[PDB]
Every structure is written in C-alpha cells, then in structure tokens.
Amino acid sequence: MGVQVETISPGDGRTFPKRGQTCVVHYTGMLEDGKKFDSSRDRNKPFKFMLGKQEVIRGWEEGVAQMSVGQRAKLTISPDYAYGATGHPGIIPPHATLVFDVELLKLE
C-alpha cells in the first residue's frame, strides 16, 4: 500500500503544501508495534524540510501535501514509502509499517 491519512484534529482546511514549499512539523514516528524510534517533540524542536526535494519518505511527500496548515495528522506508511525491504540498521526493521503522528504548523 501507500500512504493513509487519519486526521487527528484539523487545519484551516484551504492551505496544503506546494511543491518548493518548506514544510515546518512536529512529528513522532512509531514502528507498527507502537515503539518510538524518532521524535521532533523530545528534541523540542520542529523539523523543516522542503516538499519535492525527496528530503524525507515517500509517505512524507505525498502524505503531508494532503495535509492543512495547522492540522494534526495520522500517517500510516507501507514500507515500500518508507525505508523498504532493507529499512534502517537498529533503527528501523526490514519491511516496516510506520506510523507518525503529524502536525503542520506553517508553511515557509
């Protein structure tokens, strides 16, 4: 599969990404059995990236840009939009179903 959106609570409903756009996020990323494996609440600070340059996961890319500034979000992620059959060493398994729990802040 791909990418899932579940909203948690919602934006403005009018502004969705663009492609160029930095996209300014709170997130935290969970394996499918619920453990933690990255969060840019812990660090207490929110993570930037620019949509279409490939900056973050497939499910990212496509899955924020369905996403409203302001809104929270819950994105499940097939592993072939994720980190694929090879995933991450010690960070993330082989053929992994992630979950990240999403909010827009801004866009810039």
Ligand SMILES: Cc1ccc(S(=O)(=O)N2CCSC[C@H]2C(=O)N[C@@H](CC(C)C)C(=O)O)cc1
The other form holds:
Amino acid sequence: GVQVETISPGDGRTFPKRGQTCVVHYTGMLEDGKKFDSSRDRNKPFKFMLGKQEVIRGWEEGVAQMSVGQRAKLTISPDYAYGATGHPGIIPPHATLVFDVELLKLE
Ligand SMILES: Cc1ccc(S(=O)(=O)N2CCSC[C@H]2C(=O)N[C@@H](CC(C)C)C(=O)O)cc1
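Beyond the form solved without the ligand, can we have the form deposited with the ligand bound?
Full assembly next; the chain just shown is listed first.
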C-alpha cells in the first residue's frame, strides 16, 4: 500500500475533493534513497486530478490524505506503483518508491 509521514504540516483543513486538481512539487526516490525524477528540477509543479488515474495508486491514496501546505513522505509498495514491470529507463521492476510530496494548492 502507501504510508504517509508528514515532513511539514499543512493547514489540516483543506483536503482535495474527488476530481479536484492537485498542484504539487515532488521528488521520487528508489529504495536506496537516490532521486529518479523531481518536478523541482524543472522549477515547475506537476498537476493531476485526484482519482482520474493520471498517477499511480500510491499517489491517488496518499495525496487524498494531505492538506494544502503539507509536505510528506509517501512510501509506496510496488503493486501501488509500477509492479513487476517497473517503468523502462527510470524505475526498475519490483521497486518500492519513496516520494517527498508537497501539496501546494488545490484548484
Ligand atoms: C517516465 C516516468 C517519470 C516519472 C514517474 S514518477 O515521478 O514516478 N511519477 C510522476 C509524478 S506522479 C507520481 C508518478 C506517476 O504516477 N506518473 C504518471 C505519469 C508519468 C509516467 C509521466 C503515471 O504512472 O502514469 C514515473 C514515470
């Protein structure tokens, strides 16, 4: 599944509604802690509609629990990410992923 641990608390009241656009900055790391991709490296946040399956299950459930301004660590089992296949060229097969995600705004 996906486990969430807060790095910096959010407002504790503004949570995403289903289908709402979540604007985030994230850094994804493999289990050895090495970054494989980060929106911060592009200086542009990443956006997705909660529950529209634009992101892995780990994010769909992990970000659902977060509030605006919160920055948290999401640890995601492979089956909640890319499973046995992984994603060629960046994420190996059977990879547990750890993301540092900051929910910046809800539109
Ligand atoms: C090629 C690539 C680059 C970054 C990542 S990630 O940071 O893990 N990454 C993008 C940040 S959202 C969390 C996850 C994801 O859900 N990606 C989307 C679109 C991606 C694939 C464009 C998907 O799996 O459909 C996965 C795969």
